[PDB]
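J.: If you want the building blocks of each chain, they are given just below.
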Amino acid sequence: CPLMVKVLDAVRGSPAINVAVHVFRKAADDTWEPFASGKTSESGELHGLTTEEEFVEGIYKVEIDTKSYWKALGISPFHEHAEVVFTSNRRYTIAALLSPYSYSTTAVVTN
Amino acid sequence: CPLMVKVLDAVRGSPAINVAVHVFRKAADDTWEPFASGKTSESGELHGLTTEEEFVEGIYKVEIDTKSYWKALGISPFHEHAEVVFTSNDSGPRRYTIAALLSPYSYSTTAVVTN
Amino acid sequence: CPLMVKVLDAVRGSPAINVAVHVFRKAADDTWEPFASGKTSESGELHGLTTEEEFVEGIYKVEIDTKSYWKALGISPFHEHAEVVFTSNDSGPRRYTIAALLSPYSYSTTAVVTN
Amino acid sequence: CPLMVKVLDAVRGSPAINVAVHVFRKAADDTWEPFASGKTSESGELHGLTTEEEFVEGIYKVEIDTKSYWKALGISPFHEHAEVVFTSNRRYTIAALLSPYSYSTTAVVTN
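Residue numbers (the authors' numbering), protein chains in the order written: chain A, 10 to 98, 103 to 124; chain B, 10 to 124; chain B', 10 to 124; chain A', 10 to 98, 103 to 124. A prime marks a further copy of an entry chain.
Chain A extracted, bound-state conformation:
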């Protein structure tokens, strides 16, 4: 699998568990087509979203459902979600670090 998502909780200093993630790919008509989805495990990681065969070149959007994560913990956060948009032309790790009013995201791209 060439695409992994990892999410951390900056309030607790812990993996962000059970975070829903939806991946979209831009279609030829310039609309966002559903591509894959899943949720983070107890380690805060989401593996197996796709395969090398399926993950063709394109423009991808990884939507991390941060609002649902915070609301399930009893917190009213600022953002609806965190959206990570990039073109793929190799392994991509999309990492996110979450706080109620702030997030950071980094891409680690390796061979």
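The set of hints was computed from the structure by calculation and includes no laboratory data. Incorrect hints may have been included.
[What the hints assert, rightly or not] For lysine-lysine, the following BS3-like pairs were computed, each having C-alpha atoms within a straight-line distance of at most 27 Å:
1) B/70 to A/48
2) A'/35 to B'/76
3) A'/15 to A'/80
4) B/76 to B/48
5) B/15 to A/76
6) A'/76 to A'/35
7) A/70 to B/35
8) A/76 to A/48
9) B'/76 to A'/80
10) A/35 to B/35
11) A/76 to B/35
12) B/70 to B/15
13) A/48 to A/15
14) A/80 to B/80
15) A'/76 to B'/70
16) B'/48 to A'/70
17) B'/70 to A'/80
18) B/76 to A/80
19) B'/48 to B'/80
20) B/70 to B/35
21) B'/80 to A'/70
22) A/15 to A/70
23) B/70 to A/76
24) B'/70 to B'/35
25) B/80 to A/70
26) B'/70 to A'/70
27) A/80 to A/15
28) A'/70 to B'/15
29) A'/35 to B'/35
30) B'/15 to B'/80
31) B/70 to A/35
32) B/15 to B/76
33) A/80 to B/70
34) A/35 to A/70
35) B'/76 to A'/70
36) B'/48 to B/15
37) B/35 to B/48
38) B/15 to B/80
39) B'/15 to B'/76
40) A/15 to B/76
Using the hints provided, position chains B, B' and A' relative to the given structure of chain A.
T.: Coordinates of chains B, B' and A' only, in the frame set by chain A:
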């Protein structure tokens, strides 16, 4: 003006100058409709995007064109742009500052919501 | 004043108000000697720490007392404080803004160096 | 080993390799005593700094030598180093994300 955008460059240690910013509001049909736009100033800030009259409660998307910023510096970036999506709330007086800190393969964003 | 400190709270989405900040300069014997101190204002900023006359080239440490900030909010934090250590440089006119974004188990800091 | 350090490079989107790390522990005389040191591997991680037996309660400082990292890559960075100071009373991962004029650090504390 109830909405301000501030952008910093973590590679140069500077304001991110002349970054394009496009703001959208979610319409009744669930599509994003254009709302306001501009480019950050010499201080990395974008003021005057809207007014209290127009900035009614809704879901807003602030799109920061990070890819073009890095390409103008001759630097290869990862993301197409940075998007900040939030619901505004009129529970009392409120100003929203959307702050972003940019690196080629990483960004952070924070909301500073004050009275 | 060539040195400003700005602190934001990523949990509340607000300036970090009344945060203690202590600045030190490295002495000739390699110890940290006190240089300036204060507390952030209602805007999360600390102005007037020093003057161009006193802020000569050297190695400076800016210590931000994050632990006491979180404890005053009733929130359990990880770090004792956040420290920012850098060498100043008089190559032309220069102002340093040390910005910090705080969460209980994480922080980021950026230097904005302008003319 | 109860203490791991992980470093990422936000310019390249890669692990930060060969980053020197020095850990200190506050002694009874309130001075910083050397505790352990090492450097990050090709994965950006530093394992085996200490043992459960050696890592007693105390105040620890993890100094990540960011200036030497950037200078070895031909870049003049802002900070001398990144310093992470915390009290230990369990596994600690100290993560850092580096840019020439900025860094972020997070603690992930697990059982």
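J.: Next step is simple, just say for each hint if it's right about the structure.
T.: For each hint, the structure was consulted:
Restraint check for residue 70 of chain B and residue 48 of chain A: the C-alpha separation of about 24 Å stays at or below 27 Å, so the hint holds. Taken as a hint, the residue 35 of chain A' and residue 76 of chain B' pair is honoured in the structure, with Cα atoms around 17 Å apart against an allowance of 27 Å. Distance hint between residue 15 of chain A' and residue 80 of chain A' is fulfilled; the C-alpha atoms sit about 19 Å from each other, no more than 27 Å. A threshold of 27 Å between alpha carbons decides the hint, and for residue 76 of chain B with residue 48 of chain B the separation of about 14 Å falls inside it, so the pair holds.
The hinted pair formed by residue 15 of chain B and residue 76 of chain A meets the criterion: a straight-line CA distance of about 23 Å does not exceed 27 Å. Restraint check for residue 76 of chain A' and residue 35 of chain A': satisfied, since their Cα atoms lie roughly 24 Å apart, inside the 27 Å limit. For a cut-off of 27 Å, the pair hint linking residue 70 of chain A to residue 35 of chain B stands: about 18 Å separates their Cα positions. Restraint check for residue 76 of chain A and residue 48 of chain A: satisfied, since their Cα atoms lie roughly 14 Å apart, inside the 27 Å limit.
With a C-alpha separation of about 32 Å, the suggested pairing of residue 76 of chain B' with residue 80 of chain A' is violated against the 27 Å cut-off. This hinted pair checks out: residue 35 of chain A and residue 35 of chain B have alpha carbons roughly 20 Å apart, not beyond 27 Å. Of the supplied pair hints, the one linking residue 76 of chain A and residue 35 of chain B holds, its CA atoms being roughly 17 Å apart against a limit of 27 Å. Restraint check for residue 70 of chain B and residue 15 of chain B: satisfied, since their Cα atoms lie roughly 15 Å apart, inside the 27 Å limit.
Restraint check for residue 48 of chain A and residue 15 of chain A: satisfied, since their Cα atoms lie roughly 10 Å apart, inside the 27 Å limit. A hinted pair counts as satisfied when its Cα atoms are at most 27 Å apart, and residue 80 of chain A with residue 80 of chain B does not qualify at roughly 38 Å. Between residue 76 of chain A' and residue 70 of chain B', the direct Cα distance comes to roughly 15 Å. Compliance with the 27 Å bound is thereby established for this hinted pair. Distance check on the hinted pair: residue 48 of chain B' and residue 70 of chain A' sit about 24 Å apart at the alpha-carbon level, within 27 Å; holds.
With a CA separation close to 20 Å, the supplied pair residue 70 of chain B' and residue 80 of chain A' stays within the 27 Å bound. Only pairs whose Cα atoms come within 27 Å are accepted, and residue 76 of chain B paired with residue 80 of chain A is rejected, the gap being roughly 32 Å. For the proposed pair residue 48 of chain B' and residue 80 of chain B', the alpha carbon gap of about 16 Å is at most 27 Å, so the pair holds. Restraint check for residue 70 of chain B and residue 35 of chain B: the C-alpha separation of about 8 Å stays at or below 27 Å, so the hint holds.
Between residue 80 of chain B' and residue 70 of chain A' the alpha-carbon distance is near 20 Å, which keeps this suggested pair within the 27 Å criterion. With a C-alpha separation of about 15 Å, the suggested pair residue 15 of chain A and residue 70 of chain A falls inside the 27 Å cut-off, and the hint holds. Restraint check for residue 70 of chain B and residue 76 of chain A: satisfied, since their Cα atoms lie roughly 15 Å apart, inside the 27 Å limit. Annotation: proposed proximity of residue 70 of chain B' to residue 35 of chain B' holds, straight-line Cα distance about 8 Å (limit 27 Å).
A distance of roughly 20 Å separates the Cα atoms of residue 80 of chain B and residue 70 of chain A; the hinted pair therefore holds under the 27 Å criterion. Proximity of residue 70 of chain B' to residue 70 of chain A' is assessed by CA-CA distance (about 15 Å); at most 27 Å being required, the pair is judged to hold. Between residue 80 of chain A and residue 15 of chain A the CA atoms are separated by roughly 19 Å; this keeps the pair inside 27 Å, and the hint holds. Among the hinted pairs, residue 70 of chain A' with residue 15 of chain B' is consistent with the structure: their alpha-carbon atoms are about 24 Å apart, no more than 27 Å.
At most 27 Å may separate the alpha-carbon atoms for a hinted pair to count; residue 35 of chain A' and residue 35 of chain B' meet this at roughly 20 Å. Distance check on the hinted pair: residue 15 of chain B' and residue 80 of chain B' sit about 19 Å apart at the alpha-carbon level, within 27 Å; holds. Of the pairs offered as hints, the one joining residue 70 of chain B and residue 35 of chain A holds, with about 18 Å between alpha carbons and a cut-off of 27 Å not exceeded. With a CA separation close to 17 Å, the supplied pair residue 15 of chain B and residue 76 of chain B stays within the 27 Å bound.
A threshold of 27 Å between alpha carbons decides the hint, and for residue 80 of chain A with residue 70 of chain B the separation of about 20 Å falls inside it, so the pair holds. Distance restraint check for residue 35 of chain A and residue 70 of chain A: the Cα-Cα separation of roughly 8 Å lies within the 27 Å cut-off, and the hinted pair is therefore satisfied. This hinted pair checks out: residue 76 of chain B' and residue 70 of chain A' have alpha carbons roughly 15 Å apart, not beyond 27 Å. Note on residue 48 of chain B' and residue 15 of chain B: the hinted pairing holds, with a Cα-Cα distance of about 24 Å set against a maximum of 27 Å.
Proposed proximity of residue 35 of chain B and residue 48 of chain B is supported: the alpha carbons are some 22 Å apart, at most 27 Å. A distance of roughly 19 Å separates the Cα atoms of residue 15 of chain B and residue 80 of chain B; the hinted pair therefore holds under the 27 Å criterion. Under the criterion of a C-alpha separation no larger than 27 Å, the hint pairing residue 15 of chain B' with residue 76 of chain B' is consistent with the structure, at around 17 Å. At most 27 Å may separate the alpha-carbon atoms for a hinted pair to count; residue 15 of chain A and residue 76 of chain B meet this at roughly 23 Å.
Violated hints, listed in ascending order, are 9, 14, 18; each of the other numbered hints is respected by the structure.
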